[PDB]
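Single chain ahead, by itself, as structure tokens, in the form solved without the ligand.
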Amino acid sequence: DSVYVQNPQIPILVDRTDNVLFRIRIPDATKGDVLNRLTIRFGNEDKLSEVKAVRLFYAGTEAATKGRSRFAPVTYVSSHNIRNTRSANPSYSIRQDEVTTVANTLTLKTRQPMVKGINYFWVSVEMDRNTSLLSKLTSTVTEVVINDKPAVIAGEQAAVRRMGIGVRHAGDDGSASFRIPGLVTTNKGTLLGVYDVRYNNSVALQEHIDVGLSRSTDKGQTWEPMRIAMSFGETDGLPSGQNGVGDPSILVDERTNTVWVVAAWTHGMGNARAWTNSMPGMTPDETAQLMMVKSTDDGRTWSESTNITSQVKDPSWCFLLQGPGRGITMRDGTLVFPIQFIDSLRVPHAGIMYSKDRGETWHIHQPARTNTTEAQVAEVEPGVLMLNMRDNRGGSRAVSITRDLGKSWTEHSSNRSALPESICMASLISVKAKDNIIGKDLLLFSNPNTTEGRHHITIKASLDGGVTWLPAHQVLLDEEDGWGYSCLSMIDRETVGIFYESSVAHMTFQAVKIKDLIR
């Protein structure tokens, strides 16, 4: 009688075989009831030529103790299974029907006799691999026929679906997982995304981890095969599992187009976490090392690593490392990487590291705030750096200002108020008025828009230097659960790129029109 439809706000991957378009719960079936046919409609302006196929799956029933409001018994398309992240797990979903030439109206059929109570069906959409990342589907379930009677359809299903691309899936190139995204746009308009390649599993340093890089010359439609930007293999005859390097941060020197990548190299430390096992000192045997590579050829090839630990780490610190994601060039040509150190009392502090000499020497002054870790920095107005910080107190981002490259710090009005978080990495960037179609200075921010867990990956825009984040100036990309880290970079004058850990792939790229953020 009554059917419930979900249109989940998750990215449709152009490189996937299956993407969840609709989840369907029939909660009160009589044994033998048959879903004869359901009709989908697409909006008049949708580019149906990019839709390769639409499939109807059956996924059986629910466990007696799991309640009646769920839209699935299990995840239908895995982002973690190293043997298949691209199609529906065939042991959870059985194909009922498939249409491979898609009109504005579309009928799918079954002859599946239902069980008493809850029955789960879902609709998969496969896109052509060359689908525009900027294309959108507006899709509705308009009719559901059970025992040759139309049924009453309920549910929020009006979502406007966006595309993305799975730049890295679990298992790709033999690597168990990929984590910790960074993204820049080079002066040539080339997108460069960095991440940990976590070969054995998904646990943080210490482990067998290298810094990977994906390059795109076509605004993320295609990604050139993975390069290893940084690696320490069997340095000093210690196992590769005791020579991990990761939590990368990337910046483009906008004066020279030299691209810089900083990461933490851990040498030894058994098979335990660096965050609690990195100790005071300076040598590789004693403490995590701050390591840098550069590219003078728009991110095609990477220098040997240089060790900048001695320049910038206080000996008493347990751990100095970059803030994962990206750094910046300021208007005056200063290169700035956010950093974080654990002091002698095991207390984490966020701050900034800068170079005034094109990355020859690096300096750190004063920490911004106690019990902060991962931070990103934007030049919100000339000579004024905004540091946006993960805060161990929970609930919301810490926001501070320096005008003296972190010799002194001021609380911003938005501090511990304007931006909710669950204690997770977040991305912040500034966009000059002349560099975007709105013709106004922007801050853009991305994180899991929640105080618990990691979900509702959202891009937010500010017109007033991060004093205010109006709800109207926000786009939700991923309402399902993921590892939550993200990084923003403007692609061109009209579109922002987000490189993030999503519900649909370890490294997900999406492109969003600025005019979708600020209407």
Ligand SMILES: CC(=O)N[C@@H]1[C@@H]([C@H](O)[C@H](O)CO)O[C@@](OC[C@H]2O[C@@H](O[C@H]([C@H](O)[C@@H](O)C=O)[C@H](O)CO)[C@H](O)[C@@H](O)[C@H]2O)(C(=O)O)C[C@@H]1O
Given for the second form:
There are 2 protein chains.
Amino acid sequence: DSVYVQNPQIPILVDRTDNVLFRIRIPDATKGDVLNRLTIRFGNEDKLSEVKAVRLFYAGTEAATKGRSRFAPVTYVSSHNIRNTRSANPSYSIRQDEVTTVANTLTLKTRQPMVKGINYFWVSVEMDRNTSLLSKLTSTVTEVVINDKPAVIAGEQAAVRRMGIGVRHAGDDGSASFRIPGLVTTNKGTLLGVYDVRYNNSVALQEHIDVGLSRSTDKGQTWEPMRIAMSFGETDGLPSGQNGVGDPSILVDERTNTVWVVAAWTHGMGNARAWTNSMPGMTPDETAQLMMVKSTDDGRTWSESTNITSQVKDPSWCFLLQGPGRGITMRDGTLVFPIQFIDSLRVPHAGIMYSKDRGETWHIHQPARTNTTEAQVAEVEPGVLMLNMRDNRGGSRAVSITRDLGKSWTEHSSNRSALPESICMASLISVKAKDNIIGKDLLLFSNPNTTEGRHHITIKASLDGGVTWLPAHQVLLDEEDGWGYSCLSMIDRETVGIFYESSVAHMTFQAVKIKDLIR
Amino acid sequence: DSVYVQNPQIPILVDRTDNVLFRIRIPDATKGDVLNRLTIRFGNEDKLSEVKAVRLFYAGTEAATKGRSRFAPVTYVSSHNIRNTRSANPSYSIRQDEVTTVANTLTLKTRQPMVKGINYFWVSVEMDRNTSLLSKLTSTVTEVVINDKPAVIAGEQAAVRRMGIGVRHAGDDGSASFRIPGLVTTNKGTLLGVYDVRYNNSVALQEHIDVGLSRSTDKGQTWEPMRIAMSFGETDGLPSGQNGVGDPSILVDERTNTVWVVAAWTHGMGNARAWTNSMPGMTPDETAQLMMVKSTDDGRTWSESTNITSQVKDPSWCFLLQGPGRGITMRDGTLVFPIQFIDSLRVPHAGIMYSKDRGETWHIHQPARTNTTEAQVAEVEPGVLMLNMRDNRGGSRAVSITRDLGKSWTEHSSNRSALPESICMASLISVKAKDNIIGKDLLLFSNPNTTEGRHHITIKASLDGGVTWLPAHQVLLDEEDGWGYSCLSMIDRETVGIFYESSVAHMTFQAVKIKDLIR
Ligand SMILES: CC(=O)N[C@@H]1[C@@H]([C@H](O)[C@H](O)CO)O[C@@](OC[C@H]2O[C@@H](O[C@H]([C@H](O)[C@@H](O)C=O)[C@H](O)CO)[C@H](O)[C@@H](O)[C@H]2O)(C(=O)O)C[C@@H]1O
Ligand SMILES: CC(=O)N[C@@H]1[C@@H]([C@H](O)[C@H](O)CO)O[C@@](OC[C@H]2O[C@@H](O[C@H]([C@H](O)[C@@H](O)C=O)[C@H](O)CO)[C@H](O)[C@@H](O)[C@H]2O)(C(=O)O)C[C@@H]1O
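Let's compare: the form solved without the ligand is above, so bring in the form solved in complex with the ligand.
Below: every chain and molecule of the assembly, starting with the one above.
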């Protein structure tokens, strides 16, 4: 009979006990058939001394109504189960074999009698906790033996597998979930990742939500314990569940290395979504408040929050907040945070908010585009800001240019064409020629590369200021289902970091060589 | 202004830290208004020595879009949060005052400045863990002072509150949820309650599900630690997630005091629902299997499972299983378990399965009615079996009679008329005249007393063999939302037990005097 193999392009987490290397479907088994041996081969230059162990699991059969093309009956390693996100659910997968000394050829064994029809097995890889985030595996199933006969192998399994690290898992420090990533590199090379700490569940404001921060001084190989960057606990004697703060955006003031976090504080509003329940006005009791904290010590400690609402919110707006992810420093020292507001008629608009005085005062001019929400901004050329926007019309990112900090806007050539989306947050950054190994100005963009669902998390690079995104200049990181938000920061001259919601952890960090993007 | 009070008809659990006694809405507060004190009065005959503590909580305000007639913005005490089902979520409710020695008059205070518009407070009652299940509280909010003026109190708050006990809470013994209650009284007066232990989540078979059992030798004041009555773990080397057993039904063989549990074992079927994925055949690999265990020691220990599929399942049926809840012993010693089968055309039918030989052999004859599922059976008069059925047409219970153990069936006068339902499991039992204090044959019925959703869990009594269910002969136990399944058993001559899925715990036990049903 014929055997099918999948090598899923998902991150192998260095901090996990189990990671799916291969999924295998045996579609047409006779009752009693036994998978005696499976052989995997790794590429000659793979660093197999970083592989702690490889495992073969059996996961039984398929439901009668689910057809014959799936590679599994269920998620093998959960990213949501607060009681276990790090190993295979033992109730879905039974270990058959384990090898703890991994060579270029590897054989795994089973004595499990198969059921009639579909049978599922899969290969777990466990990595050394100190595995280089830049390391890659090129693994293939080369032989599968059933009843002492080699079987015909089919399936696309030629993926070059990448490493990652689960910075936050569901359930960490008692929190149900973590959402809405932001990432910057400080002037010291320190990585700062921000996110919602969603304690009770995974719904947005209003709820019990604080802004968490994870700090790495070693390019993401290690992360310090979670800091609360921003929190309103029981302000004015209202429950913490009616005092949430979230959808954070973080920037480094590149002139001072002062780090800024802006977030939306909801005060009251029962247990309902702020998106529909934030109302016109200015006071905390009336409307969502635009709040900021700062760190003068490379993200170790955080100021008390300052309320910036009165400086920038039109009273008639239902809701003003930051675009989640990150802000920028411009070449002339202006600090810029993307923003979004819901007007009196409940129409959302993306725009920008800027400070020319090191974050003392903030200003908003004109919206970029009707019916847009979350946006990220890059200085594509000197004094020239590119706004890349989530568009409620569906299908594709909106792209506008301002050269007057949003007093006026022009559509970009790439607007509503060049970058597919499913209506989801996306990351965009600029990289100066002198600041990277290619020696050319780059734009780097990340989002779920699809018009439906949130999957195929992809980094794209542009060499012509975001006019063109050539297919060759793209790295697929995560082809499976997630919440889809992502944020990019250059780690060093050679490597871009991505902090994102993945199929494998709520907050996932990966590092990618620029030379893999632009060959 | 004007203040609104709710006294919700939900069980006060003796094992909980918090129970909602009163919910209060202050609809039209001015910013800064303060609830200086509210006074509660308890009835003259209340056993206040059993009240451990009373608490006043503030829960903030309401969402602008959610209207002005709710009594809360959120569930105050969760029945689903595996991390806490026993106390108020501290993120939704802030304690204002607390009294730990309770008199007939009681004053609670706050210094919380209210927000403009809607403000929510509520009163928690905590009972001594040894509080009598038969105790009742008659409590009223008699005074509410705001800015040192008495306010006008409105609302229905005259409810006579009853006690109950949370036998199983979400998260107990590591299990995500508990569902599908069954209850019997052994010849020794011992209460035996069965249920699905749904480890991973709350979905039906197929999943990692065992049959749990809780035992009480003191009329439900105490429950012995959970026993696994039936389990298939990793049978044939298939995951425990593809070896679930559930939807249990329990009966006591009144002649021998041998206790029987029947359940559906699903083997394989991926991670999909057995209702649509169980297929024709006879083997465990082919179709859901009918399994039975027994206890000869009053439910302390349980036999290994016997497979009775071959005796009673037509090969062409997609799915044969017990009707969840309980079976009976007839006056002539016949053991009867309600059953249901899905035929070759996917049409479900309710019927009965019986043993005349102490459970050695089982027989099924003819279905009672097309497009029915879960049913419970009672011997309403000698040799006369009433089958009460969940009906997919909606709105009302189907009721049929057999005098020949299901060879033939007659429609009852009460069919599709007398008993409202929303398509949900219901409990029906018979009580002999000599076996209860009323000295008359009773039928007792429990279900969610509604045509939409699952709420208003109500015990109903009939004096005329289920022809008439007079409104006067009904007790409302739970007016809030739950999963709706229930099972009745007489505890003694004077009191009926109900083991049910409630708004306050996955498995809830309450005891009700017959004299409260029939006055
Ligand atoms: C302040 C604010 O509301 N926050 C942001 C919202 C924002 O509402 C929109 O940009 C406005 O148009 O976008 C996000 O959440 C809102 C959506 O959540 C959906 O449910 C899940 C759920 O986010 C997840 O957490 C499971 O629990 C997802 O669809 C994931 O696929 C709901 O269908 C809607 O409420 C839907 O509006 C988003 O993810 O897009 C996250 C962000 O915080
Ligand atoms: C063997 C078997 O399947 N078992 C029983 C099924 C059975 O399928 C039906 O009697 C046959 O027609 O009935 C139960 O589930 C069937 C429904 O469950 C509903 O979801 C309820 C929720 O109570 C809902 O009603 C909100 O109020 C859950 O609690 C979810 O966790 C689904 O929404 C339906 O689509 C539907 O699938 C039931 O509870 O009725 C559970 C029982 O074990």
